[PDB]
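Each chain is listed here by its residues.
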Amino acid sequence: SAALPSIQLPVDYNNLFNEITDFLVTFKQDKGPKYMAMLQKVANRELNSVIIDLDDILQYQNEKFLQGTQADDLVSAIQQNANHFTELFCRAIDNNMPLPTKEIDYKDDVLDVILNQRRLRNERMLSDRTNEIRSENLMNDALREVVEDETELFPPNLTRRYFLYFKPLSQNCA
Amino acid sequence: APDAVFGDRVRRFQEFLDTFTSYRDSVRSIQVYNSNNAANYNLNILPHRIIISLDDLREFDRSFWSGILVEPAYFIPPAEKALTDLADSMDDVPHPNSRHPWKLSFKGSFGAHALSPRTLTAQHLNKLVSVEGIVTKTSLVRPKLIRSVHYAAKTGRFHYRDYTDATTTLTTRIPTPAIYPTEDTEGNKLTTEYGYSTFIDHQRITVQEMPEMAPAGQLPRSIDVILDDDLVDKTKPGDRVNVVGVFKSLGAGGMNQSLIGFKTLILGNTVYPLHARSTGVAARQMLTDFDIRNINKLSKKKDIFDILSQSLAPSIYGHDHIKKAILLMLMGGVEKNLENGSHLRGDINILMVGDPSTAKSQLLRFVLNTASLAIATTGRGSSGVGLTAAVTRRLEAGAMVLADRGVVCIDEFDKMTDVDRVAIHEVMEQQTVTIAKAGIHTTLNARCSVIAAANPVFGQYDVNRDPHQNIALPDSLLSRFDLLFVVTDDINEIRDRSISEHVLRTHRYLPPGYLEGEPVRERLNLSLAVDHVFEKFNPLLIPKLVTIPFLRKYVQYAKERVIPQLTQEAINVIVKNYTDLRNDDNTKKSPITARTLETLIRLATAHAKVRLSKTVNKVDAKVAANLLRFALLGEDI
Amino acid sequence: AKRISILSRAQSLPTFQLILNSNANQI
Ligand SMILES: Nc1ncnc2c1ncn2[C@@H]1O[C@H](COP(=O)(O)OP(=O)(O)O)[C@@H](O)[C@H]1O
Ligand SMILES: [Mg+2]
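Residue numbers (the authors' numbering), protein chains in the order written: chain G, 2 to 31, 59 to 166, 177 to 212; chain 3, 16 to 57, 89 to 143, 149 to 309, 314 to 447, 455 to 592, 619 to 629, 647 to 742; chain 5, 98 to 108, 131 to 146.
Accuracy of the hints is not assured; some may be wrong.
[Stated by the list, open to error] Using C-beta positions, here's what the derived DEER-type ranges look like:
id	chain 1	residue 1	chain 2	residue 2	range
1	3	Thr223	G	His112	31 to 37 Å
2	3	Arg26	G	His112	24 to 30 Å
3	3	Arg193	G	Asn16	55 to 61 Å
4	5	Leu137	3	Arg193	55 to 61 Å
5	5	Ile138	3	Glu117	27 to 33 Å
6	G	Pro128	3	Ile225	53 to 59 Å
7	5	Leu137	G	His112	44 to 50 Å
[Claimed, not checked] Not the full set, but computed from the structure, chain G residues with beta-carbon under 7 Å of chain 5:
id	residue
8	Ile142
9	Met177
10	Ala180
11	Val185
[Claimed, not checked] Residues of chain 3 clear of chain G, computed beta-carbon distances all greater than 12 Å:
id	residue
12	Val20
13	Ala331
14	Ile359
15	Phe520
16	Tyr576
The hints are simulated quantities; they were obtained by calculation from the structure and are not laboratory data.
A virtual CB, placed ideally from N, CA and C, is assigned to each residue, including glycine.
Extracted from the complex, chain G is given alone in its bound form:
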């Protein structure tokens, strides 16, 4: 505590992550949301790169301001410290990742089938913890929360097939 002292920075990452998720799910100004359309494409394996436009985030913040809601400056936070927001946006995309509408066939990449295999394996190990603890007979919320403490799953960075990039916000659109 005396060593490695704490500092008070104006950056709150919890509501910044909430804003990131809201922007990913609700932004549609560029038929539905642009970014879930892109994540749906990624799920079906037509795209392996996610480009996050800073113009889109700035426009989303401007629209939120126009309707009266006070939104944190996500664009400025990304510009000041961009390494953390690649990490953040990847987690947010993983949370809102649509299920693929195309099944895995023999013409898919080896990386895609490996990721599908480990995803199914970790969901099966979750289910196996759950069934074992149910058989032990010791609320489903607590049961689940025990399961994710006693599971060694594949982390999201190992079940991840896309790449994240930040397109700078245009000078005219600044």
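Position chains 3 and 5 with the ligands relative to chain G; hints supplied.
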């Protein structure tokens, strides 16, 4: 380097201090007191310490309260810094000739942290705990060098070095064994400047489980407590104590490769001497203005003496003049210290010789329970070694040395050895104990009033015989007793039925918060040595009876704020009564000596103290001589 | 014990100690 959490806790405790204004009031009062006698003398300086009520902290911020109780090393330093900042903020008028660190002390309900040396285990380590026990050892109050100031004569410059140990902070530092500077950086020889270096008082006491709560037949448990710069000399060996402090672990416990286990002790934050019966701690009581007003209001009454006499032991029937004598002894006279060095005794001794079951021991137990400072002893249960001092190259105070400025209740006085009797002879008149043993020539103060109970030779006071044969005590010893009461169990029908109705009424008593068939609980009454005047339960059914706590308050007020002066109008009565008692032939129970003149004077002074009068008037001398004539003869005039 | 405690908290603990006793023959 500054810590964000540290500042957050500092500002939270500053908010707490702002919410409860009593803490600015206390700090402001301390600062103005210090400044006022600093400017007065260019008495004593109050410490920079504030008592913090943990209940108020729990009301304000429960997590700050739980943080202090459970994680003191992370919550107490920020709170102390907040208090210091607040004190330096109010310090618009600095003392003549942040700064001046203010320490914190805690009080209130500790819950599971209120422990004893036996129940204080290793899972209480690094916690703020309140430990109740008995002080068995008090080390020497040794100075600790916290800053050494040196002088370099070649450069003519003053240097300094600050020293830090593991016990001065709640958090662990990096150890920095800075050596004592014997020379400057560049080779100049340094001279230590004592009087400019800073030394902090340090004491290490040992707190052991109290005998009244420790298991019988089992070896007691002890805990070390370290006191620094204002808690030193707050207690003495044998004192009941409540120490609030952080249960710290120190050293490495044998892990650091150079002990069986880690060295654990309590960093004392607060020391409360507790009042337990038959202990050496007096009973300070808080006297509000309402209490003083009531005391003066009752003192204005004429029969207040009687009101105080009957309210002593309502449960005991009769023994009314014995109760009057007991009240006078509780007040007592005023001792005289003449310029040449001689001493005149101002303490009243009482002896009660009587038949079995006339409540002599209940009247002793009541005095033990109600007196400000009372020690209970039994004949041959405590010897002269146990009554007076004892050499251990060091002295251990006995029964009558711990009871200095107090009362000694000796039961079974007749069953006392002559070796004890000679020491008692010295203690009663000269009020001193001269050891002169094993190279220790010391005169301890034993200014105590002795009340004692005794049985006759044959176990029944024979009215046919004379008192001198019924007592079987040395005449020189009986002279020291200011008032000797012989009580006889005479079988008379009126008082037989009256005492039996009283005994049954007392047995038919219920506390306000108890059921008809609920066993009354009983605690040990560990009072802190710092709401109606009259009593609802009256065994007699009649004047009014005051409550025992109010009677203790009245006795304390009269004892500490009234010093009566003898008057000629009282002296005439005293001299006439003494001359008559000396010359009149009446076959007195006790002999008449010059000590009788002084028991007249002492009783007159005590009764003057009862009325809150600063002068002994004629009525005080008359009532003193009246009680004395009763005690010597049995008259009712 | 971790499983039981977490499953029972909805209507950290240290390593548990094994206090084993027996009634077998005594040396
Ligand atoms: N005069 C009395 N009035 C009330 N209770 C009395 C009286 N005399 C004796 N007792 C009762 O007798 C019991 C024993 O008295 P105690 O003080 O032990 O006698 P002693 O002085 O002979 O040792 C107590 O419960 C006490 O209340
Ligand atoms: Mg007795």
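Quick rundown of the hints versus the structure:
One distance hint, 31 to 37 Å for the beta-carbon pair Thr223 (chain 3) and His112 (chain G), holds here, with the actual separation near 33 Å. Checked against the hint of 24 to 30 Å, the pair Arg26 (chain 3) and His112 (chain G) passes, with Cβ atoms roughly 28 Å apart. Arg193 (chain 3) and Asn16 (chain G) have their C-beta atoms about 56 Å apart, which keeps the hinted 55 to 61 Å range intact. Separated by about 47 Å at the C-beta atoms, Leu137 (chain 5) and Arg193 (chain 3) break the suggested range of 55 to 61 Å.
For the pair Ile138 (chain 5) and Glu117 (chain 3), the supplied restraint of 27 to 33 Å holds, since their beta-carbon distance comes to about 30 Å. One distance hint, 53 to 59 Å for the beta-carbon pair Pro128 (chain G) and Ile225 (chain 3), holds here, with the actual separation near 56 Å. At about 45 Å, the beta-carbon gap between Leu137 (chain 5) and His112 (chain G) stays in the expected band of 44 to 50 Å. Because the smallest distance between the Cβ of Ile142 (chain G) and any Cβ of chain 5 comes to about 32 Å, over 7 Å, the interface hint for this residue is violated.
Taken as an interface hint, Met177 (chain G) checks out: its beta carbon lies about 5 Å from the nearest beta carbon of chain 5, inside 7 Å. With 7 Å as the threshold, the beta carbon of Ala180 (chain G) comes within range of chain 5, its nearest partner Cβ sitting at about 4 Å, so the hint holds. For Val185 (chain G), the interface hint is violated, since its Cβ never comes within 7 Å of a Cβ in chain 5; the closest pair sits about 10 Å apart. Once the 12 Å rule is applied to beta carbons, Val20 (chain 3) is inconsistent with being away from chain G; the minimum gap is 5 Å.
Every CB of chain G lies more than 12 Å from the CB of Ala331 (chain 3), the least distance being 41 Å, so the non-interface label holds. No Cβ of chain G comes within 12 Å of the Cβ of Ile359 (chain 3); the nearest lies about 63 Å off, and the non-interface call holds. Even its closest Cβ contact with chain G, about 78 Å, leaves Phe520 (chain 3) beyond 12 Å, as expected for a residue assigned away from the interface. The non-interface label for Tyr576 (chain 3) is consistent with chain G: the shortest C-beta to C-beta separation is roughly 45 Å, beyond 12 Å.
Violated hints for the displayed structure, listed by number in ascending order: 4, 8, 11, 12.
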